[PDB]
Amino acid sequence: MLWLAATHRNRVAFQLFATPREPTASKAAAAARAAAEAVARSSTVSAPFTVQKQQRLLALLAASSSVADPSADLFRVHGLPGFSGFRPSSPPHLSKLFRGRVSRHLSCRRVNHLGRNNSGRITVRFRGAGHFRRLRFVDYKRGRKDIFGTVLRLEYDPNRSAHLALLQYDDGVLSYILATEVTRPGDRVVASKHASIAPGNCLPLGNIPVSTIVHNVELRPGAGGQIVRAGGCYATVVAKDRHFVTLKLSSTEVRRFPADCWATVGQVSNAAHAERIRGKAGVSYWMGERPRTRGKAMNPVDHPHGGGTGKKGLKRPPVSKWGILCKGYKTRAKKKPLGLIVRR
Amino acid sequence: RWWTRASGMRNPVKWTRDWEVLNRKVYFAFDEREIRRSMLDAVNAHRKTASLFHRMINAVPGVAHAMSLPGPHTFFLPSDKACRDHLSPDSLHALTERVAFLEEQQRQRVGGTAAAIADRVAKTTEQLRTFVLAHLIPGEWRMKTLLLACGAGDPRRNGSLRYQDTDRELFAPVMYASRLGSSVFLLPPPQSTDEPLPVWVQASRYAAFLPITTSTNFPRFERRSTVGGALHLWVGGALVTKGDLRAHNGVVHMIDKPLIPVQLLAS
Amino acid sequence: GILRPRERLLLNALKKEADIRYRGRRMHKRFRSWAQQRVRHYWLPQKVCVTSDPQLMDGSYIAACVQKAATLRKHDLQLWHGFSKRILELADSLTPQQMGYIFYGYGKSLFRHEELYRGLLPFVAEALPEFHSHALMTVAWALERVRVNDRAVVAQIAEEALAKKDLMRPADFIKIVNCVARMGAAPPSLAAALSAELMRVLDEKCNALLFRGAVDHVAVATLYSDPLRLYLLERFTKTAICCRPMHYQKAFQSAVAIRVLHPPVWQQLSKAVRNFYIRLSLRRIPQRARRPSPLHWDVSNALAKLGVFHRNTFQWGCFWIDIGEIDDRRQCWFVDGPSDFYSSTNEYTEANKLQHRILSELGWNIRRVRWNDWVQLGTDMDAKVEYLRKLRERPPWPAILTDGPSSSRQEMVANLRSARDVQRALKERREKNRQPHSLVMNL
Amino acid sequence: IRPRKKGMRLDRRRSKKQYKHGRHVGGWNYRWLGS
Amino acid sequence: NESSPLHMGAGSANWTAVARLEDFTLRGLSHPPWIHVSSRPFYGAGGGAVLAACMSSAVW
Amino acid sequence: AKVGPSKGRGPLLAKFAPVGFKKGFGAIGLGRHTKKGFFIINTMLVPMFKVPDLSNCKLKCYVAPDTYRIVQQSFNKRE
Amino acid sequence: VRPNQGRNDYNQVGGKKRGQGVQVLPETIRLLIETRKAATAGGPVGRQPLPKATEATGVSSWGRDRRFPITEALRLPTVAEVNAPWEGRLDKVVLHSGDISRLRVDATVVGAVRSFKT
Amino acid sequence: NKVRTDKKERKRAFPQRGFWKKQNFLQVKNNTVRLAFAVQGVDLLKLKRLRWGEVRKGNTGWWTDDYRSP
RNA sequence: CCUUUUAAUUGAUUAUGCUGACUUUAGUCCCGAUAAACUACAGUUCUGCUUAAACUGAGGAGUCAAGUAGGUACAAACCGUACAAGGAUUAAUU
RNA sequence: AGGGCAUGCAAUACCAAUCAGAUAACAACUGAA
RNA sequence: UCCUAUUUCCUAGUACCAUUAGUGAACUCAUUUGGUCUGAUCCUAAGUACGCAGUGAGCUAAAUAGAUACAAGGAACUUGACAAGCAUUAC
RNA sequence: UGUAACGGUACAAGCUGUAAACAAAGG
RNA sequence: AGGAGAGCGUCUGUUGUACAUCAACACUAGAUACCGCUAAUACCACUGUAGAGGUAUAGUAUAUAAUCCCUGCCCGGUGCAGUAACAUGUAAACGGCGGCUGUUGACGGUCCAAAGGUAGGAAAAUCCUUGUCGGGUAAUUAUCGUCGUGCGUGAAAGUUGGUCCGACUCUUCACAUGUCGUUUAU
RNA sequence: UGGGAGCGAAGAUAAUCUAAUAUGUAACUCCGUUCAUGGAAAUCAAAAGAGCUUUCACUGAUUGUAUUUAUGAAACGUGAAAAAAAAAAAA
RNA sequence: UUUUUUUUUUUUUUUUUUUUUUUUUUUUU
RNA sequence: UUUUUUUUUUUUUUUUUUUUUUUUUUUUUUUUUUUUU
RNA sequence: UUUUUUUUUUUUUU
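Chains as they are written, first to last, in our numbering: chain E, 3 to 346; chain B, 96 to 362; chain X, 58 to 500; chain F, 350 to 384; chain R, 874 to 933; chain H, 2 to 80; chain P, 95 to 212; chain S, 19 to 88.
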């Protein structure tokens, strides 16, 4: 959306967003130190957030916490006959998610490419135009240091497999963040090295205890989470160094990361996304998918597989449309030197 | 500078002509219409009109959080004029002094006296919260809904609301030379009150002049508010001048009288 | 892309609603037009600053400033009074052109300040020979608007106009005539000469557009002779198409007054001509919105307390009546004011006298109530009721209206000032009674 | 010519190509006036 | 095969043809060709004072 | 061709085209367009027609035939 | 999205049309002004014993320093000289294009108001 | 087309039995014209039917000559 | 005339040959769903279909084509026809 | 050639790096004619 | 003096261009009577308190394309139940 | 330079450019 | 376009075809392979764009076809993965899987091989244009049931199939009927 | 324009096929033709000697490249037409 | 009632066309 | 739930922008600074 | 899809 000069950057000369209030920078420095000490005083928890602890907290949250027993009879629009069969799943006052519209000032229109490059030719096959979508302004950088923020509601992201959260700071500014499995409307978060080891809290890798479940880990200092963002994904702390932190990713891969980078504590929301079963091809049609035609039912010129008839068999290895093997054939530059990768 | 540029009256697009199908779009465009703005937005929009209320809402904590919930609600916003002309001078001055005290406390924060201040703020906040929350009513109640509820649409109950006439010889002598020479509906109790709210309807003064300028087909028989409309809705003996302020959270109605609970009412 | 069935319906209905709404807006819009005209052949080229130092200003500067202020509608007392003060100092170095501009500005602004008019009049009188059409027109036009009669100077203006007829503009000539007739300063001979020149002017250098401006009921019946009357009446018929309600009203009024006052001349008209006027009356003529005055309301309250039924406002064919009794329709009252009389005097205006006589002729029991007499009563209701009762038992006014006693600026000012506080105290008392003040909070 | 195709082509009069030939009604050998 | 004057004028008009990599030497009835047409002939026995010959080179 | 100047159609005109084509016949501007579709007209750009008085003019369009002989006779005197 | 993409001039950042209400910084102004000012910095040359003629006849002029020049009336060419070829009447009339104020003359004719007020 | 440029000459080649007659519409049109002249008071049909050198003042014809023996 | 010469491309029933005319097949084939009446003393023929209201304070609820297709003497000719202010207040004249 | 001579052919080239248009702040930014 | 305040506001003669206001696919195409018929809407209609539209003559041959009515038997026809038939009959 | 459109001429494959087939006489 | 038996079988949806007149493609589902960000892959002006302003519950590639059902053996073999710096692991990736002879024959001899058709179905979208017996008819070789030899197919190559389902072949029942022997009238 | 510069394939011949010829030919872009191109020797020749550049004839279809099909105005040399080293240290 | 003009939205120029003829000492009357 | 519109302009709010600005058209009304409330 | 005195410019919204 934005210009290349406005979006492209290699080197970063800052890792925080400063919003001073005093007339002079000398006073602002003292104010920042006071805020940091205030957050340090409040911080109390330092134990690692393990899977077992996560489980135990989830059991408490989803066993007894939710009890209101409300009078839903009065919570409805009186005198509205409604549709002739069409009814919502649940009322807005009992739904998990917010029954509304995304913020106008935190969203924009989505440019649909249809899987086409500048040349105008089809690049990405099987790409349809489904339901209209809006790009969300997700705040990946926690620039707001030494400040608390409470959660107002949880939103749905069509573009992501996880849920979002509407964060509001004390000053009254609204921002979007990646929600968690634990976080519920009303919970408070803070981004600071002196903060406690709690869900939602963002702390450096180095400060984060060992054997701690984390997510939204950034590659470079102050760049944003790229290695793990999807729902149900998380990383683990293995080892620690004076300048490096060893992390186990979701793909069972061991890699070292800088000690200076930031990371979030917890698990991405919507853990049960891989349990839905589509009852008909209409779901795929609405999602923006297209039918896939196998190469077997193609002409020899169209596809190598064409013409040649045969079942599983063992003589002639299969060939893709591109003339390249697709079974156990590694696709990686052997010359590319391994970096911070420990175990691949 | 294209194939077609006609607009407005000359709309190139073709629309349905069937009255049956047309009768269904009006329902969707009026009743099932969606609103983005919240109740607070609506309230704020008329800050000028209700400054007292606008300030109390943002001054006393708790009310702001309560009036932002997803559940349907119904709100009444009394007017400054109504407040002024209803409330006695001493009560009005005392209320304004406490609102200013809370605003000053917040300004001091953002910028045995210490012990007494805590008790004073604790008592004043509860009193104002109680006062404020009294107006709030669960559920969505529309003007039409109330009107119909009050028996406005029942032919057996519309006898005193349909046939209205006045002396035409006194107001239009030139056009007449031959002559020369309801029920109570009970609403759910408020959030901070157990007592129900009675609502009724009344005939306006203007309604008694329609026949002089309209075609009437009546059968054979055998102070006054200046607000417009044929019918006047009285919600607990407060007249409604404006209503149908639909929002994402409910509806807002402006009444010409401040509703005060018995707990605050004197002996 | 694709939309949800639910949303689709709502969007289509909304869209339809839009169309309906748009169709429903341009109903009453009849007289509108995308095209419009703006007058631009009057602004000066030079740039000035209204907010500048008046001392550094000159005649030229001040003249410009005055007109620019007027055009921009920058009504500021503090600003205008400084202009007046500097003008008084620079009164002896004003060109005829500048004077005219000044006058026009003042008049357009409606800046009621006699102190300046009275001081600038004598210098105009001396510079009359060097005056031009525009200046001459603006002087009178301003004077008329501000309602400051000057029979000594206005007459001179007219005479200079007649002298410079060969150089004057039809429009300015017409406006001069109109002004003169309204102010009532033209002897018979002057009137006659004016009429004679006007007829030739109208018949030689006037069009449809320019002719319409010559129509005036007050002027027609007090300035215009029979020969011009007949020609005016006949040409109006022909030029009616290119007219406005404002001219229509005047025309109708003219017709009525002519019929009522001059039967002979009326009969002298042709059948065709007569028919026009006959049919005219039958049509609905638009009128501006009207409402009672505070004085009107006070009088009405006193009258109602006395125990008499009446109306507030109503039209009667071609004339408005202040008060009309229901028990006896014949009866009628009229509430006067400062504007009803000339500045610093109690003399009635020509239009007021003409309307009084027309109704008196037609048989209307007409009564008049002054404001300077009324103000004296104060905020007492019994005194006003007795005042009204004493008037009621007395006979009505004569056909011919007369003027009141002498007055002065001092007195005028005093009266105005006095009334200022009465109109506020009565409003406060009225407004206070509406407040019940019953509710008492424990707190 | 389509919009996309037309947006990447110059005018023929922008070049000297128009003064490199002698085609005329007489034939293929045109001599300019006053030559 | 539809009739579209807009299309026709936007793709096949006088200003659209000039952008075409075609043989402009061919004569065109409704086009701006680039073929020279030899002009007015020599003079016989008429008045020498009224023989026109130039304009854009002589305009003043 | 079906469409275009090839059958005596001539150049395209407003009449023979869809709604929206802008093409006049030569005129003089008398105003400007606003930001809402209105048009403010100015009287300053209107031309002025100058005509002398013709109330008393002895001259006529044509000349009497007898003029020729009188003019001719004057020439012979110079010989 | 239309086929307008790919062109380098597509959605260009900053333009003639875009920028219609933006003014240059005072830095530029100052720079320019200073540059222009600093183009003729040098010491005096020639000779100036006596003051420049800047006052009327009789009255001396030594202290009254004048920045502006003054033109002499007695030094101007006449209309006859102007209209003469290369090799009352117009022998004593001059048509000058300049500031009247800045002219040394014996008398000057001025149009005052009737009240004679400046 | 008046210009004679379309393919409307193709069908005409083949023989036909007959064609429609818009008598209903034509009659109406004629009637309207007749009425429009009658309101003024001039007979059009009469003039469209009278013999070349025939003179018939008013509503008169052959029948008129019957009783007018003298 | 005779005699010498000629780079004329110089020679015809035929390439289903190219460009035209004119015979035979051959007075053969082709003809669209519903008409009638207009008198010698008054009148309303039958049938198919069924949005045919033109001030009622509101520009008849739209787009497009016709490169002007319901004007005009039983004319495939000539000559006319597009008014957003509705010009006829033409309720008068004779 | 005495006088006159609407309009269109997209024109700062009687000069001056290249690359859209009334011929483009640097850079991004690329080239067989 | 008990109105929610008794806060003046009809309408400036008006640049350039489009238009046949009704029924009808009026568009490509062409074996083109423009307009009747062939299908849903637009009018609280005994089909809208008379609306639109309707093109030579004659004649018992046979065959062919269709409609109505067929004794008894009721798939014996055909590769095949193709086709045809039933779905209206005291009121 | 070479050409296209509109207007006039007798509406035209010519001529012509609203001054649209001519100024011929400056003492 | 009806009642009943039985063979085959995910349609709705797209389209006239890989032979003997009787098809395909797509899909709800499962499973395999590649890829840690300037990702893989694609266009093939190369410091570009799509992928994607996405981040291993993500992206892309190949093959199969129901929500479930128990789903056989084989790495001698091309290729890929790995490295003794050419063991070993991948058959839901990549062709497939058998002779003599003796007692209806559990059993015994011998040759060869990586392994030596598993179960189920079975006169078949396959052998053969009349396999035995039973149900229908005055006649049934057409067709259902069954036997499992006559030739033979063959398991995430998709086999078998309870219930439900049907614009898919065929058997058979019922009403009317000019299809008819065999042709008439308007 | 068969002139000069960049890039530059195929039909065809070799009775199919490679090289090769076609051909550095066709299409595309640019210079615009005697006021042009070119150029006054570190050249050619061999033991004599010619003396910037350019056109024609002969030597000669000789030498050479190819071979299964072709291509080749070769170098020295002779004849002839046209003939051209430099205006010049400044005033 | 449209077209024209701002926005969508584009020198993605509809030859003989435009609020577009050299761009305010305009003689304000 | 397959997760849907907003800029020109209108209204409201907040102001130290400007003849690039509303007839030298017209009506009504008790009325307005500083040394008359 | 902007409606009546013309421009520049900021927030919210049925």
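Hints in this document: simulated from the structure, not taken from any laboratory.
Mixed in with the good hints, there may be bad ones.
Stated by the list, open to error - Each computed DSBU-like pair below joins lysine-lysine, with the alpha-carbon atoms no more than 35 Å apart:
#1 40(S) / 25(S)
#2 211(P) / 221(X)
#3 354(F) / 211(P)
These are the hints, each one checked on the structure:
The straight-line distance between the Cα atoms of residue 40(S) and residue 25(S) is roughly 24 Å, inside the 35 Å bound, and the hint therefore holds. This hinted pair checks out: residue 211(P) and residue 221(X) have alpha carbons roughly 30 Å apart, not beyond 35 Å. Between residue 354(F) and residue 211(P) the alpha-carbon distance is near 77 Å, which puts this suggested pair outside the 35 Å criterion.
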